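Next up: a single chain in structure tokens, the form deposited in one PDB entry.
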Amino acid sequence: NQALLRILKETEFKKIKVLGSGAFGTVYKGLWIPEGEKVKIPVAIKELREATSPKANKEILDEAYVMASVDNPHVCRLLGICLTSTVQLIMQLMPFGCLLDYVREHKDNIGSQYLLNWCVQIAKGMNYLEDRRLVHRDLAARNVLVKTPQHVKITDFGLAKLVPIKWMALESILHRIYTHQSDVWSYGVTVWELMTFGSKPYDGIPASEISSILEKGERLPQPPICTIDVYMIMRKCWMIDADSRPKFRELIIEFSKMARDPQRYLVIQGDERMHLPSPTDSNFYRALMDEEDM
């Protein structure tokens, strides 16, 4: 149970470079130095921006014992925690960054086979969080990490204790109701982010007014690379009836169907010039960075 969350000493890790921030904390590239060893292992460290108390920290250690409990290839597991005056969370390092920045930076080189596979993988991790009765509350392309280009993982889960209005389902904005189906709404918006190559949803619409335009029946438009088959699925994620939104287990299957013939469903200029890596190149990544089961 508590055998998955390691409590760390200040003296056995070091923060070396600022990699990004969030809403409750800044993320650093770090180094883990085990006691009595001469190795320095790269980690990812999240320092909480607001300073907590000694009892605030029993609350943290309760979601930190759960966050360290996720055992899923497409969800990032909390590994360790360091209980300072600003609690520091230790996790595995992803040098490729988040999927949001990656798609902006590689948009001219991303084919349909990658994108559809990511959506399969994202929904697999989220279906796991549903299987684990864990509602994420902040699924977005920025909180999806890229282990290798062929393998993504979801991160930043544990923020109810601690607002991305443009990703939240209508009932969250109106009533603060967060369920697995409102994570489906967040998922459909994340798929939009991928399919538009990192565009900002509702760009120029103030967040204070989005709950209104949603109630009038307005949604995000069809991404130019998307066929209607893909967009209808996204549209089904944004239904005002939460129960009518698709389930993650169904989002997995359908996007699996689309990944077996990717060029029918996403029309990208030059899509014939970019394919998945040969089994040679897939094994090369996996032996070097990505040895887990799937």
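Residue numbers count along the first chain shown, from 1. Only residues modelled in both forms are compared. The term rigid core refers to the maximal set of C-alpha atoms that superpose within 1.5 Å between the two forms. Compared with the form deposited in another entry:
- Shift analysis on the rigid core between these two forms singles out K40 from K257, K40, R249, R264 (C-alpha displacement of 2 Å or more).
- Against the superposed rigid core, the consecutive-residue runs (3 or more long) showing CA movement of at least 2 Å between these two forms span 21-25, 36-40, 50-53, 159-162.
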Contents of the next structure:
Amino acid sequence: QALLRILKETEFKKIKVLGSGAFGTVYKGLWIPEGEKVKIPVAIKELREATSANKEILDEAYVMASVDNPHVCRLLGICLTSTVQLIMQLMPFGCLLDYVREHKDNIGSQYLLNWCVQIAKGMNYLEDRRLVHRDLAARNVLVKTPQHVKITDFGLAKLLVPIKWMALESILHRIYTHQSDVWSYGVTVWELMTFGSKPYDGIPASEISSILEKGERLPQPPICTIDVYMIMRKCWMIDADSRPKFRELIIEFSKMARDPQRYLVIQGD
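Let's compare: the form deposited in one PDB entry is above, so bring in the form deposited in another entry.
No partner chains or extra molecules come along with it, only the chain itself.
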């Protein structure tokens, strides 16, 4: 339990709002641990107040605090009052979804393929721990530096619907496995390769199941060669066991990262 710090209310201060939504509020703030001589920049995520067991909350937070990988965000500390407040390291460049949209003209093939490797490394770490993420998406990848991204919000779903990132078996039967995480990974890569386009844009969530049942899939991004699109398509196979494994995705995307211009055709790159 020494991985999870229980923070007093005086030990952290919210300074600036970073974002707000149905989940709650995320702040940029300071962590001032008592009996220490340092003030640490952190993000503070205050979940929306709920009418619903503390023992199971701490137990899940202990798991979130136990993740130890350069490409998965760790839970630094927690503060339980009428609300749940999660403290973690501040990722100054924000979410990868906003980043690829803001830098669509200045992102080369090497950055994109390196991100695919790092996301697959983080997800493979979780699979080795027998942990399922359930909400992998570009909005849930954070940018520590342009060459270092981390998967965020692990365990938050269990602590508490992204239809367009979900595998068909998850939509129809609410089944979540590592192989359904692979489907979400495929959609995430598609978000990256389109510089942040919305998947199935304008299509209501209730229609997605019938799109997948008919055999339709997200279209090939303009910059993607057929080798990269084949990986995305394999992530979206109906048979979950036929999808790639995260360990295989690391190998194949690391191979492409060694000659990135061969696999992504980007103007000016």
